[PDB]
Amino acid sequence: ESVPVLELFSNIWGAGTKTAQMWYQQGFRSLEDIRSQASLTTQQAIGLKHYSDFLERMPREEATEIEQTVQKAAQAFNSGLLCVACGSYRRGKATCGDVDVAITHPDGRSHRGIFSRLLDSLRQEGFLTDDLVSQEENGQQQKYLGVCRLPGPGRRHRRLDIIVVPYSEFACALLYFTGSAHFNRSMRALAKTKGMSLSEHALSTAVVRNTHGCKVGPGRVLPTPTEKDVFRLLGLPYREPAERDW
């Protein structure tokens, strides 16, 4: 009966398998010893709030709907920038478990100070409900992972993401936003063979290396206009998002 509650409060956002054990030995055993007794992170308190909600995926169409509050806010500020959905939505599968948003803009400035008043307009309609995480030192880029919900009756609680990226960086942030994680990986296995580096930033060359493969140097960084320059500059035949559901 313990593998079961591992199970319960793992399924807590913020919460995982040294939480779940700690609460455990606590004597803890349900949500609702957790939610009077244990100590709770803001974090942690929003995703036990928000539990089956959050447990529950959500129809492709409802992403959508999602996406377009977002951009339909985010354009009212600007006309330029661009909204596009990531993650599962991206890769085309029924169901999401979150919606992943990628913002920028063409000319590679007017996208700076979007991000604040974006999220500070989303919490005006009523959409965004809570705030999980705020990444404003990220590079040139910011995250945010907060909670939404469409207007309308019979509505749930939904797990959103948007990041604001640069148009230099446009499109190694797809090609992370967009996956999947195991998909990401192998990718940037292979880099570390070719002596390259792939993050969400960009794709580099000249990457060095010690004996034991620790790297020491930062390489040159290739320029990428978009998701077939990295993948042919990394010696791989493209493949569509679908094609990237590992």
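Residue numbers count along the first chain shown, from 1. In this text, the rigid core denotes the largest set of C-alpha atoms whose superposition between the two forms falls within 1.5 Å. What changes on going to the form deposited in another entry:
After superposition on the rigid core, the C-alpha displacement between these two forms reaches 2 Å or more for just one residue among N78, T95, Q135, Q140, namely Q135. If you fit the rigid core between these two forms, you'll see the Cα of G195 move by less than 2 angstroms. Comparing the forms between these two forms on their rigid core, the Cα displacement of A206 reaches 2 Å or more.
Relative to the superposed rigid core, the position of the CA of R60 differs between these two forms by less than 2 Å.
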Given for the second form:
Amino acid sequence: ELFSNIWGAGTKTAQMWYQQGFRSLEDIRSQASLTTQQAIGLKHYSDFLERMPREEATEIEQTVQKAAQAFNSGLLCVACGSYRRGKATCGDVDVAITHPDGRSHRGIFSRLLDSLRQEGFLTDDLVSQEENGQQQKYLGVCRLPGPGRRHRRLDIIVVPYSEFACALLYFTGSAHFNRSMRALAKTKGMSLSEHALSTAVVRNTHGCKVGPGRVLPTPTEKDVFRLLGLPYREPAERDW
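We have the form deposited in one PDB entry; now please give the form deposited in another entry.
Partners and other molecules omitted; one chain follows.
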């Protein structure tokens, strides 16, 4: 069951396709109906089975940073995921982008992606543009210049500065760790997302609601941990 490995396909679709006679990667490319992601996953099947050394992730991060700072030299670009958690290898790269003035993040997302296309860095686009609140998310594939380079999954997320701490936390992960933090937030009547940490409603000692839900200010990751009642954990401690 090698269908599993194709990107955009899990055990979920591995269990159909087979329903059909398909038992081959080739069988799927030629006869099966495919998602835009699945087509790309098939196109780079061999490459997407290989993790990259973290040095390559650094090169990917700097490539995105260089192209973004040409447009505004104050833009903050950070690679998250397993990279930020300090692993020796990474399966993909998520680059979060913001600006400290907090408003110069707009107008970058479109121009940046285009700039990376022209120089041949971005090779395949899963989703060219996703708009989630004030966050803009690119999902695609990249490849560093030169010979012997494999194709690497790359996400780029541009975020407002007021959401940066929560975004960094969310894209740094791990997925387990996020689930754990969301559960902790809930025990305090809060909710945690990639945008913000907020409370549900405000109630007094009589149980009467006296206000709407509150968006808790979180300038840094440490604020999130403080608000959840936890000692701060470095990214390297967040694998589980």
